[PDB]
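Heads up, the chain below is alone and in the form deposited in one PDB entry; it's given as structure tokens.
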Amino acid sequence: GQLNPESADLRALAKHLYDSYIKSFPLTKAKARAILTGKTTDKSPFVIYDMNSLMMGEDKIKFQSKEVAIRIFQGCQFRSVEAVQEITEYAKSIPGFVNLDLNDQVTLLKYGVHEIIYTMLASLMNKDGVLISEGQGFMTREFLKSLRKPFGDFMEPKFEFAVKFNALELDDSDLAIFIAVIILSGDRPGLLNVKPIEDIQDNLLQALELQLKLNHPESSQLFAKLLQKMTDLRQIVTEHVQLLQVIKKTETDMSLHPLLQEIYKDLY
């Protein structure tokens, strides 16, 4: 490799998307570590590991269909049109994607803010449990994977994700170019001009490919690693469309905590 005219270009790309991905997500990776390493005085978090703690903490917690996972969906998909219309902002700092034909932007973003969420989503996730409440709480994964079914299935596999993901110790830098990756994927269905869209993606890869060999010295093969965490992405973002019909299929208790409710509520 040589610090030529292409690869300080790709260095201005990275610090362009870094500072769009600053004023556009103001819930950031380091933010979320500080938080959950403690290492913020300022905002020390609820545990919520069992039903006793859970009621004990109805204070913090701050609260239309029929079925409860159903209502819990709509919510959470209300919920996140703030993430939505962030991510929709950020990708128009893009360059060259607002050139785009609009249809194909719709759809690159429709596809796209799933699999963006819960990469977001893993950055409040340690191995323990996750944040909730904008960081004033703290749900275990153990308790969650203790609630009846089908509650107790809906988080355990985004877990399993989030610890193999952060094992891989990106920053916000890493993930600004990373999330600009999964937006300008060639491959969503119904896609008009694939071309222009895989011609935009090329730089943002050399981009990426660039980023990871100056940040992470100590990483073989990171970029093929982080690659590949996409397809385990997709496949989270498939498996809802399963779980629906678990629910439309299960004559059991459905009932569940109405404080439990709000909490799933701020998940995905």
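Basically, rigid core = biggest C-alpha set you can superpose within 1.5 Å across the two forms. Numbering follows the first chain given and starts at 1. Compared with the form deposited in another entry:
Of the residues 237, 34, 210, 47, exactly one exceeds or equals a 2 Å C-alpha shift between the two forms once the rigid core is aligned, and that residue is 47.
Residue displacement note: residue 200 has its CA displaced by under 2 Å between the two forms (rigid core superposed). The Cα position of residue 75 differs by 2 Å or more between the two forms after fitting on the rigid core.
Here residue 100 does not count as shifted, since its C-alpha moves by less than 2 Å between the two forms after the core is aligned.
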Second form
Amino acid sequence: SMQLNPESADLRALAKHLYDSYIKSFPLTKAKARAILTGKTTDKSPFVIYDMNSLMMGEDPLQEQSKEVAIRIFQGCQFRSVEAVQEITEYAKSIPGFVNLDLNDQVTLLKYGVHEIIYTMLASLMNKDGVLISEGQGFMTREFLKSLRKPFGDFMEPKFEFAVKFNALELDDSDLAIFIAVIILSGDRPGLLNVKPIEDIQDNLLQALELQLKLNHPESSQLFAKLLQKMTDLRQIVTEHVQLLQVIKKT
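Condition change, the form deposited in one PDB entry to the form deposited in another entry:
Here we give the lone chain, stripped of any partners or molecules.
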């Protein structure tokens, strides 16, 4: 049980702040994405890329223009990944305390954070069938991405695997805003000078998260613990990504 007091009020105020910021930083929210994936909004009718024929109809710089469909698609992911770092960096700047940190720690926390957030928010854009691309204008199937020649055909599978289990938590934009902020303010990132001040902020964010998950998910056993376990999955996934980016890099 809880009480409505000044402490619980400030954690609600903190949660509202992060959501309004999330909304300003992230154009394609989970609510928007779920609406497109379930046919509800007329606004977007994404083109479905499910095979080589629809990939060609689908597209419709100069010296990285490759014949190999696998190359063009991996360059799409790379461009959107740079865009996603901008959005996350904008979000990060609205987390109370975060700019009052050593400019050094700031770039550190972001350096290891972005890949964890990308994967977290990639789940928002995914169902069983595939993933929204180009702000909900395109939809690329899981199986088409699997069909790409090795090792590109193995690139997104682990992301799909993550998303199925993560989307079963049934988190909304309010849940995700606080979760994403908890990820960024991670004490245990290599090379940080001032750890305590990052930790004191995360303790507040973890409190805000616990309060948000209790209020927002009345029918949910250990959703806080199941969410914090996911931060372990995400580390493992980044490791597997990096190892694959460095097999692709080599050949």
